[PDB]
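Chemist: Residues per chain, in single letters:
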Amino acid sequence: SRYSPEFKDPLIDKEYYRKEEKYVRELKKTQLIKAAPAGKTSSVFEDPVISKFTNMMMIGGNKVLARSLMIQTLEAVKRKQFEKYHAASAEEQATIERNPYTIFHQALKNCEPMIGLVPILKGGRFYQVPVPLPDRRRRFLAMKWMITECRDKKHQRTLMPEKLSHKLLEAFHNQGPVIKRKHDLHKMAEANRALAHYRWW
Amino acid sequence: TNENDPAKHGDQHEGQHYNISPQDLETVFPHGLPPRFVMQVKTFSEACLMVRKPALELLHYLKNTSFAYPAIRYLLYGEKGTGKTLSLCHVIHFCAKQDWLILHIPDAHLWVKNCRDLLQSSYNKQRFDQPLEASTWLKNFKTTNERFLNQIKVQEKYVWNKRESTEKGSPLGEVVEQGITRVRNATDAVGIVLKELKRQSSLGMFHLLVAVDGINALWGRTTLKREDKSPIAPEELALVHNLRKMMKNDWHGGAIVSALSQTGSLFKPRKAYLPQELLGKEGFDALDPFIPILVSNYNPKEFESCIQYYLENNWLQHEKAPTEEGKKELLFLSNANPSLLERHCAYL
Amino acid sequence: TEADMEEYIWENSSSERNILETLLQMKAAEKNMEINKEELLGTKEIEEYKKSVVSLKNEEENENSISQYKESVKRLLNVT
Ligand SMILES: Nc1nc2c(ncn2[C@@H]2O[C@H](COP(=O)(O)OP(=O)(O)OP(=O)(O)O)[C@@H](O)[C@H]2O)c(=O)[nH]1
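First to last, the sequence lines map onto chains AF, AX and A1. Read left to right, the first sequence gives residues 35 to 53, 61 to 242 (PDB author numbering). For PDB author numbering, add 50 to where a residue sits in the second sequence, where the first one is 1. For PDB author numbering, add 243 to where a residue sits in the third sequence, where the first one is 1.
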């Protein structure tokens with residue numbers, strides 16, 4: 035739109051920058074380039090997972106508050122894991138994992154379902170049919186489902202940082218409302234199996 | 051990294067850490083920290099404090115100090131995020147090991163602002179009341195200290211509206227219990243015990259020490275308002291007037307220490323940390339001379355020692371962070387600022 | 244008054260505090276020598292503290308000025 039079609043997006047991995062590969066590098070050097078965005082940075086303390094998480098939880102363009110709340114939740118999970126470590130015996134501490142980043146990644150990739158339901162038109166009735174979903178679709182769905190099950194009017198009093206920290210610690214090993222409704226989605230697929238033939242794509 | 055001599059300290063080895071005892075946590079200073087750092091050390095489960103150059107210089111001042119001189123006044127000031135108040139708590143620890151009567155307040159922002167119920171006092175006139183905070187600080191001082199209360203031996207009496215009185219030769223533990231039993235006249239009880247501390251001018255049985263955090267709140271206007279929608283001056287408040295009339299350098303038997311804090315400063319701009327700027331004209335007129343102590347950012351080696359402390363504590367679970375580029379970007383984005391350093395290592 | 248006189252003067256204003264701050268120490272440190280106030284104000288360290296207070300309170304303060312003021316107070320109170 036704004037940027038001319040000649041411009042392309044650059045990559046970020048300085049480890050990939052610093053050293061046919063040289064042929065494509067020469068082609069990129071000949072080609073033009075636009076300005077990098079403000080969100081992404083080549084620092085080691087960042088990843089597209091938390092980038093998308095911030096961009097999703099943010100409302101009204103309050104990225105500062107979104108990221109402050111994200112780091113508050115990371116701290117909450119870290120302190121919970123540290124109390125687990127301090128209370129647990131040596132053999133159980135050897136098993137307990139404390140990294141909140143890996144905890145979040147595990148919870149997300151356990152909540153992610155590999156199949157979804159698509160509404161398909163038949164006659165005058167729309168029917169749900171199982172369909173395999175792409176990776177980005179599954180990631181977005183899992184993230185939004187986690188966030189929407191975290192924030193809810195049922196816990197209007199208690200605060201979203203600790204709420205979603207507890208929800209993440211629950212889903213870390215396939216527990217919580219997200220996990221239970223994922224199982225229910227799998228059950229709905231098992232119910233709507235035979236309608237698979239309705240899809241043409 | 052770690053230090054085996056917590057009480058005594060030296061300049062040779064800087065950036066070191068010394069462990070402290072749980073009784074020293076709960077008895078000496080159970081209140082005089084920010085709740086963030088209180089919970090942060092609770093989650094540590096291992097209380098270790100770091101040495102600081104201005105802290106050691108202030109300790110040198112205390113070591114080379116005569117009490118025949120007038121009561122000296124120290125003011126700690128940083129850049130809104132340094133270790134001024136933590137070094138003040140270090141001084142509190144040192145003096146408690148020296149066995150002095152230390153009275154330390156959590157903050158004066160809480161006093162001047164956020165009172166749930168501001169009252170025509172009966173012990174005086176033209177004075178509101180701070181009953182809840184009075185009783186709070188009263189039980190706080192009780193928890194902080196006991197033989198001192200038992201042996202204070204106030205040489206004067208005090209009547210009360212509660213059909214009762216207190217006579218000579220009695221320990222002020224009884225007025226402490228009075229204020230803890232009923233909170234209405236706890237403000238008068240506090241404003242009377244503070245005067246009684248100085249009523250003993252000899253101070254041979256103990257040595258008095260005053261410890262103040264957020265001194266900027268002591269000099270400045272109030273956010274409160276009168277029920278008729280009229281502002282309230284700071285000097286009108288009971289505790290404000292009492293403290294102002296009280297700390298004067300008239301007891302001349304030691305030192306008093308105060309620290310500045312802009313995070314809670316009211317009616318003041320951000321990124322303002324100069325002493326004169328914070329305490330204003332009225333502050334300079336209240337104490338023209340004093341010992342200013344600039345609490346600068348972390349030094350390089352002290353910063354690496356703190357990193358090593360965090361690594362021994364396994365605080366950073368990101369195991370790719372302990373590397374040259376990670377440390378470089380970390381201290382570059384931190385600029386050796388202790389508070390943002392704590393925040394970063396917290397959420398990393 | 245001082246509120247009207249925006250440039251304070253070292254005539255009585257700071258002297259009110261300096262008399263107390265000096266005699267409170269002279270009663271014990273000086274052993275009741277009863278040194279005259281003008282004789283005390285004619286010293287060098289008192290003039291250095293005067294000019295320090297001038298440079299600090301009148302115009303913008305800086306790190307070097309605050310360090311000079313600290314050294315002034317230290318030399319005045321001889322506490323080290
Ligand atoms: N372990 C250790 N941490 C320190 C030290 N000095 C500063 N810090 C860190 O820096 C933070 C700031 O210290 P504080 O004294 O509480 O900050 P402050 O004086 O209240 O600053 P403001 O109120 O914002 O003006 C602390 O919570 C610590 O995490 C130190 O000497 N040892």
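Keep in mind the hints are simulated off the structure, nothing from the lab. Treat the hints with caution; some may be incorrect.
As the list claims (entries may be wrong) - So the derived label-pair ranges between C-beta atoms look like this: (1) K218 (chain AX) - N307 (chain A1): 27 to 37 Å; (2) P372 (chain AX) - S83 (chain AF): 15 to 25 Å; (3) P372 (chain AX) - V65 (chain AF): 28 to 38 Å; (4) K69 (chain AF) - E304 (chain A1): 53 to 63 Å; (5) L226 (chain AF) - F317 (chain AX): 11 to 21 Å; (6) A57 (chain AX) - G80 (chain AF): 21 to 31 Å; (7) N174 (chain AX) - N307 (chain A1): 43 to 53 Å; (8) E273 (chain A1) - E379 (chain AX): 26 to 36 Å; (9) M97 (chain AF) - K103 (chain AX): 41 to 51 Å; (10) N54 (chain AX) - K69 (chain AF): 26 to 36 Å; (11) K113 (chain AX) - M276 (chain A1): 39 to 49 Å; (12) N255 (chain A1) - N54 (chain AX): 50 to 60 Å; (13) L162 (chain AF) - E379 (chain AX): 46 to 56 Å; (14) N307 (chain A1) - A57 (chain AX): 51 to 61 Å.
Said to hold, decoys possible - Here's a subset of chain AX near chain AF, in silico, CB distances under 7 Å, partners left out: (15) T93; (16) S95; (17) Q367; (18) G376; (19) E379; (20) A396; (21) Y397.
Where is the CB? At the ideal position from N, CA and C, for every residue including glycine.
Chemist: Please write out, lowest number first, the hints stated earlier that are contradicted by the structure.
Modeler: 1, 5, 6, 8, 10, 11, 14
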